[PDB]
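Participant: The chain contents come next:
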Amino acid sequence: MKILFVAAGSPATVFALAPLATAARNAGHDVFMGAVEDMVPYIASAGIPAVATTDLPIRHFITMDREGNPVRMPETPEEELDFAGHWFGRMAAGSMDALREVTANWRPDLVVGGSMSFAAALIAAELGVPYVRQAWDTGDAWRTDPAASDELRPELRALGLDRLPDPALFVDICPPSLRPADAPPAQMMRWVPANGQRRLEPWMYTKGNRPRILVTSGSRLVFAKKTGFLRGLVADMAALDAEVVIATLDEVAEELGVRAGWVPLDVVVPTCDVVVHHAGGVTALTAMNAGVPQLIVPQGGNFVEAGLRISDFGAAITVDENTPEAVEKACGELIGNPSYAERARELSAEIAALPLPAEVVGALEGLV
Amino acid sequence: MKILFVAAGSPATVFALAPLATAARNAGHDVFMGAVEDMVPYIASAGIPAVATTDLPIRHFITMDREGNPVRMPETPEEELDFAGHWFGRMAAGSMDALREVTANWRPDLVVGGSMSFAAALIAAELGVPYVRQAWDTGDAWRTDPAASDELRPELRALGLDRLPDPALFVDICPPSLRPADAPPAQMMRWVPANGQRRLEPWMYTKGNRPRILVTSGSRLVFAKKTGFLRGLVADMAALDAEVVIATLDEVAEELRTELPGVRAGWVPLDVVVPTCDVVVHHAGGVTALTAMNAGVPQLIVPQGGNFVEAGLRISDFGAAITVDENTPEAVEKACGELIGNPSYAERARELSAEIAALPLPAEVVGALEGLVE
Ligand SMILES: Cc1cn([C@H]2C[C@H](O)[C@@H](COP(=O)(O)OP(=O)(O)O[C@@H]3C[C@@H](O)[C@H](O)[C@@H](C)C3)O2)c(=O)[nH]c1=O
Ligand SMILES: Cc1cn([C@H]2C[C@H](O)[C@@H](COP(=O)(O)OP(=O)(O)O[C@@H]3C[C@@H](O)[C@H](O)[C@@H](C)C3)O2)c(=O)[nH]c1=O
Ligand SMILES: [Mg+2]
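Line by line, the protein sequences are chains A and B.
Those letters in the first sequence? Residues 1 to 256, 262 to 373, by the authors' numbering.
Taking the authors' numbering, the leading residue of the second sequence gets 1, the next gets one more, and so forth.
None of these hints come from the bench; they were simulated from the model.
Any given hint could turn out to be false.
Said to hold, decoys possible - Derived DSS-like pairs (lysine-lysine); straight-line CA-CA distance at most 30 Å:
| # | chain 1 | residue 1 | chain 2 | residue 2 |
| --- | --- | --- | --- | --- |
| 1 | A | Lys2 | B | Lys207 |
| 2 | A | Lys334 | A | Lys225 |
| 3 | A | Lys207 | B | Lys2 |
Bound-form chain A, shown alone:
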């Protein structure tokens, strides 16, 4: 069958859908994946036919409303959920014309979207084909839905809807120990990494004679360009008897004797003792899946609550970026206390026991 995958505006959103898209292609299905123009090379470098959904970057949708007026940034975690629903809602609204042009010429039998790829819900409703919602992290996939429904009220009213339509199938990757009590029934799936690759050098897959700490701020150029966070973290680990690796975009690495640049996370994370990040859901999954403890230093966003569930489980520590010596103390505790790695290995075993993307293809086929 013809399956249209809808990613968003960040490389992590392409990576989160690449296992199921490649599994469907491997089963003989005709698969296309859509994302913002800037993300098209990431889809192509995942080996999937790529279509552009809008020529605008995430920064356009984040900083301004539909009328082009400046949007104030969130000040609290409660504000973050509403703010995300709105900018993801705006990106979805800005993606409809290109998705209509593509699906008029190549009509999919099924549409698969990520957590906040709301244009997948809308185009599937317009086409009258089943809509599959795939969680792209261990956070609640529906966590920005009320604000997103409010943003997309004109598009939803045109379809005769009052809120975002419920998917025909919900595909979840959250391991049982991290799933909330109010989580809806789902087709579970084993998350597997599918991040951007590059020529491997021996240091990437071989551990050194010292503990290794990986530091990253994600794959979003608009947030990664704020090098202050990465320089701050590197400065806070100076006293530790540890090798520090900065995993960041190559163009950001240019501005930064510390190793900085794109290092395929799935390859390097099993050689690390700690993974330090900005509260990025897919980096969080890479660490968990490899059974590696992680330090979460939240830089806003909407994964903060889900990252606190990993911390409460004991496979991570959530600290404040602006509490002196907190990053240093937490790194020492994650390397030195074996309980963090034991809980991370427990989460790795839970992920490994979930249905394979190859088996989940059968659930997509059952819908049509």
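Go by the hints and put chain B with the ligands onto chain A.
Facilitator: Positioned in the frame of chain A, the structure of chain B with the ligands alone reads:
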């Protein structure tokens, strides 16, 4: 488990192994794929961790022997098999130092190689781990083995071997109707395309008001750079009531835009555009042949040497293709009209598509790889 895939020196060799490598990664295995330095971006753009096996291109291995002496190019199809075994053998020999450095630090539990990725056979024997040979086209995977064994005699002697070791498992993609009578038993697999991708434009996935002819000379820059073949084919199709698309490397398309204006030339993901075509015209490329076969599209084979010529003749004898004895305007023009006009060719191509579709999925074949280390 840790699985090392070994591609060769051409993008098509990376594409031929990418479905099984991604299926193994999708099953939770740790997968690395090796190829010549020039092919490393193709592995990475297939979403697979990439290691370089040698810094030398296929041109180095094709034109010079180990002592640096010039190698004369073959003339006959019998000569082609021996020429290929010797140059693939040289590429394999030149790949051993880097594969030893990689596998000393990342020890695989299993090694999977393409049809003529002979370094996969040697590195697996050295490590003492099972070796999986995966056919990368419908041609006989073992067709260059005697000359390859001769070339790799120093490396094989060091392992106490007289010839290339037999794989622990042979994975074949050749549909039953095209398999020779002397083909060894195999784990069959459904071939799926996994070629280099691009931003899609509507013309790539939408057919026009006229029949569409795709023309290509493959993904090897050393052979694609010979633009004469592509220019020649387009000129031979001028009288036909059909649109012509040239699928070639972008750096080769740069030369064609100043030489042949008004014709579309450049990298088109073949899996996307081939179902919109009436005919696929190629240089006798096995993976293009499979793309056409799988989409149920008739194909025109205009052999430019190589070792797929015999396997392409089997498709031609089955009736899902035509091979031309000479590259003349009259033969290319006639065979084209016959592939568009006579419905039997597409009927046969759809039969081969149904045979491929009935073979075990790459996801199921992962289980056969696991059974070898069990
Ligand atoms: C910089 C860098 C990144 N990556 C990959 C790893 C991971 O798959 C992705 C980074 O994503 P991450 O979860 O760190 O955050 P972000 O890129 O900001 O992605 C956003 C925010 C997440 O919280 C959310 O779960 C994503 C779906 C979108 O990119 C690499 O493999 N190597 C690198 O060097
Ligand atoms: C130029 C071009 C190529 N491709 C892909 C399609 C196909 O997967 C591959 C071309 O391989 P092909 O079978 O045409 O031949 P070649 O590139 O010369 O590959 C050699 C010779 C084959 O006979 C043998 O089967 C290959 C493994 C190696 O590259 C595209 O998707 N788009 C393009 O524009
Ligand atoms: Mg000899």
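Participant: Could you run down the list of hints and mark each one as holding or not?
Facilitator: Hint-by-hint comparison with the structure:
1. About 16 Å separates the Cα atoms of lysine 2/A and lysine 207/B, which keeps this hinted pair within 30 Å; it holds.
2. This hinted pair checks out: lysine 334/A and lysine 225/A have alpha carbons roughly 27 Å apart, not beyond 30 Å.
3. Among the hinted pairs, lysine 207/A with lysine 2/B is consistent with the structure: their alpha-carbon atoms are about 17 Å apart, no more than 30 Å.
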